[PDB]
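Shown next as structure tokens: one chain only, the form deposited without the partner chain.
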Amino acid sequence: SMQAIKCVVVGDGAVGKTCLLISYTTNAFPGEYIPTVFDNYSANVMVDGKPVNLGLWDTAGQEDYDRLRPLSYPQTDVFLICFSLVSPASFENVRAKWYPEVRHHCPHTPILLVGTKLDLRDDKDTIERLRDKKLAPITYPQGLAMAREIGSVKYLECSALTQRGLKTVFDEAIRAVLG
């Protein structure tokens, strides 16, 4: 027994959940091949001088799985609720959909709020695209405020593509369970 930790990742379609898991576990961002299946990834992580077995559970974010997806929730040690920093709709869904759904099935499990696609937040074409819809990328203070609102233990931002902040997401996830 390496200590085992079950981590489940949830959030809207296209927020980057699968890329996040693959980039983390393989140290490589998927190119033109992102698994469509909702797999479980097994990673090992050193925490305070001890190896931990992190099982990472990908989920489908579409409405069609609203009855099937929660069957993966039992025995979860920590949830990651993901939204894209460059999709305000995905951010609103953290409060509207994901927080309520997780808490319906798992009242006490820690939640980390994770803002993805960090590399796009200061990307000009992305800012302009959002400005056209009277919108702007989600800022760190906004994400932090959403994290408090949903009782998250931690708010993190990362990019699966550049890997900036990626390892911290899962270190903090583990520490939320273990210390």
Second form
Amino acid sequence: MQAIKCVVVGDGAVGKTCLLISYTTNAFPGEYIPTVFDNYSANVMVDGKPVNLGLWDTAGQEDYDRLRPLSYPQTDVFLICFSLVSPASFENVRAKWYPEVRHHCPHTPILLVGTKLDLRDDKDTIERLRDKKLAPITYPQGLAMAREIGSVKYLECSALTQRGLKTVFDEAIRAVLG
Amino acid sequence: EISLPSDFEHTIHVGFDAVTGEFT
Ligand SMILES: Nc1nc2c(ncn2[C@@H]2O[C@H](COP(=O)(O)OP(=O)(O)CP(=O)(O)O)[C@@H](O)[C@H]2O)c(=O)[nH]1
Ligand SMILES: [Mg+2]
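Next up, can you give the form deposited with the partner chain bound of this protein, since the form deposited without the partner chain came first?
To see the whole picture, the full complex is given below, headed by that same chain.
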């Protein structure tokens, strides 16, 4: 069976684990349990042939900066993730995640993924940001960041509602296999 | 086209126990 290795990175609290678990199991995690290192496996049929997805969940915490690259060798595609309702997490795409991944994996495709899409239209979330003169990250703004960091694709999704979720992994697959 | 995923397995779990200072 063809196999694809996909590694997911990005700031603490952005939704990396929920993204992977909602996609692979259709169940959205009830708890917020920060990750150290987890690997999941799932199969998909791609144009009539099965592909094994090896999905590598990593820690957003800076504590794990020396450990994290244990995941990187032989990666086929990265998902760099930020929350659409956390401008700090968005900035770190450029400041931290892109340069980290590229150092270890000079040629590996990167998808930029904006998470928590359901909160961009959430009134309380909008107000919480508006109180501080901020707004959610917009699709054109995310795309501009994707271009700046040389992502092969920019995608937005909600692990919670599953809107855009399948497409994130579809595009990750196509980024590797065509 | 690409199908929905199947056959979920949680293959590796690494924890950290802050009291013992060790990975679980
Ligand atoms: N509204 C909403 N909340 C989400 C979504 N995805 C994750 N969350 C929430 O964000 C929090 C963090 O989710 P989690 O998936 O653990 O984030 P992570 O990036 O894996 C955290 P770490 O890097 O420490 O492992 C949780 O409270 C979770 O419920 C989403 O699509 N929508
Ligand atoms: Mg996690």
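Numbering follows the first chain given and starts at 1. Take the two forms, superpose them, and find the largest set of C-alpha atoms that agree within 1.5 Å; that set is the rigid core.
Only residue that shifts (Cα, 2 Å or more, rigid core superposed) between these two forms, among 68, 145, 34, 136: Going through each option, the one that shifts is 34.
Shift in Å of the C-alpha at residue 109 between these two forms after core superposition: The shift comes out to 0.2 Å.
Per-residue C-alpha deviation between these two forms [residue 46; rigid core superposition; Å]: Comparing the two forms, residue 46 shifts 1.4 Å at C-alpha.
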